[PDB]
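Let's start with one chain on its own, the form deposited without its partner chain, as structure tokens.
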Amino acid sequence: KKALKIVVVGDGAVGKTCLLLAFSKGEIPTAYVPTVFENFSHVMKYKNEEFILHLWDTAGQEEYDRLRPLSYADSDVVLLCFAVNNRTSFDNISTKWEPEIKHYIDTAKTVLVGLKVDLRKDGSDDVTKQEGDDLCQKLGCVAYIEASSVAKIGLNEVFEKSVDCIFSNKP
């Protein structure tokens, strides 16, 4: 079985837990509960095979900074998550998240994921697709993908690209 460990990191409340649950279960939590950590195992049928995804959920809050590195060992892919309506979370990718990840698991491939894309509107300085593409280039991510756990947009694409960058026949 082709398996991989995918870890999700990013500011508090960007939508990390909802991403994993909307992807793997097809529905999100009715009540928002901040994560300490959580590990899921999910079978995804893709390209005529079944892949075992070990999904590692982490705490976006800095109160848990000391604990989070405990989740990074042997990570195949890291999802650098921000919410497109929270520019601070976007900026924090470059200053906090990508560096933290490159410190503890520099061998993992990174995927930039712009969450809550359902909330994006002109005239509020939301993170645009171009900005995400620019950052993906700057940080050397495999891709920038936009998603909404609520509207069910881009969910499979996040995890298909995660599988691809590890097991595919091409970049």
The other form holds:
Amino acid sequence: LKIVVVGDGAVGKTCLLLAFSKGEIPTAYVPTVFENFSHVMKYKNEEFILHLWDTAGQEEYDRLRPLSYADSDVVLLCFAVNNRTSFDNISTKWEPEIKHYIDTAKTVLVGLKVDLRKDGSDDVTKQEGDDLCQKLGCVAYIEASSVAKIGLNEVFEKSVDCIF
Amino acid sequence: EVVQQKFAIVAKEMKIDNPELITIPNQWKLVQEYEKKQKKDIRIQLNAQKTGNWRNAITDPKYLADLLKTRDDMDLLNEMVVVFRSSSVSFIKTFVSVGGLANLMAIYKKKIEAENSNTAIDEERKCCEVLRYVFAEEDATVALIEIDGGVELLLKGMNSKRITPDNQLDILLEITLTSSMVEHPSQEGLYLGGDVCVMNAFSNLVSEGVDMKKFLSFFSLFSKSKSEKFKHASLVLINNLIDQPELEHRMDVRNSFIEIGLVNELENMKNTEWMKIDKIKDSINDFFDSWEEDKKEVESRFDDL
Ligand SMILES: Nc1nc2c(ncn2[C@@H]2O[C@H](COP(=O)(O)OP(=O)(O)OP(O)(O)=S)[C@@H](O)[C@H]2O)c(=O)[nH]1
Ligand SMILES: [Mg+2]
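Let me have the form deposited with its partner chain bound next, following on from the form deposited without its partner chain.
Every chain and every other molecule in the complex is listed next, the one we just looked at coming first.
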């Protein structure tokens, strides 16, 4: 099972991956360039092989991110719920990109940093993500926090489900 | 499988200045993927000739170039954004080398002049967005200099009320790059005269009757703009245009700028928070320092007559 993670700079992709499988945070924020490791996950009465491909949110690495897409079964389209701008970029930058390079992949829409969602604020809602999930044809929208340890397993259990 | 220079190819191909940030084991993975994709791209093209998903067929730069002679639509424009933003250096080099830019420029003219509608602003803006990716390649700026009315078209496009402050910046950055490209950047002794190219385009706006005075619309963009990237970039262009080898030609270009309010504009910026930025403080100082040396020189010649 090949899973690739895309989204804007600083929305919490690295943290998402390392919390799911460590499960903690790197303390020091270092912008991703490329990262790739496998990791075994116990789900049902069997173990699974998860090949994780972390990518760069930053524009500087645009001509290189496609090197991560080949043969991807699932792509995680990530934004941060307290960052509408990252949310908008899913449909202008991220989806169009993976649809161009690896249209055979299933997509999971992932709302990151839910722990930080204030109210009265212009943040993204579970409603908006669910709706986008519908327009984009993702398998599911799943909210998560690497900091409060929420949805982590959920996110990666789904990546497996949509493959069985 | 220890070398490991076989990556410096992928590196410059993807525009990566610091590969030292990649763990050796990773840039082997990346090499296998690079090679794998070169093979993948090949298969899709020979295949989409019949499928026929043009979306995959235009991953041939030559094919993309030829298609623009016939297609100018949102779909194609959107796909081109993806392609040019995320492709390899050499994919653009090839596109440009086979026409490509002149073809995209023609479409851009059509878009700039199209009658107003809802789809009009967007169609024009995608164009800017696509051009902004071709121009990240030097060969593209070389190609632009040789297109009749290319720089002029950029100047006109830059004055469109249909585009965004960011669009206007990207075009300016492309004009400025052109203005400084006297010689081919990657060929020893090959004159290109981009400096003269841009100068003429500014003279042509005057003589086609679009600028009431030389430099007016550019200068007026510069004047109200609030980007600070744009103030700086505008200063760089101005100083480049004034930076001429002959005193006669500096005294002349700078006079045109004096004639339209430049001096009073900079002096207002000196009494302003603008000086807090070193890129801009130095450009403004350069202007005055060069204006003063020229006064002394002029005085000095008069003194000998
Ligand atoms: N409050 C909160 N902060 C988070 C969460 N996840 C990541 N962050 C913070 O946001 C910053 C970005 O996290 P990170 O995972 O490294 O972003 P990224 O998506 O990988 O960014 P890039 O590599 O594409 S540039 C980090 O400093 C981290 O502390 C989260 O779930 N909750
Ligand atoms: Mg990261």
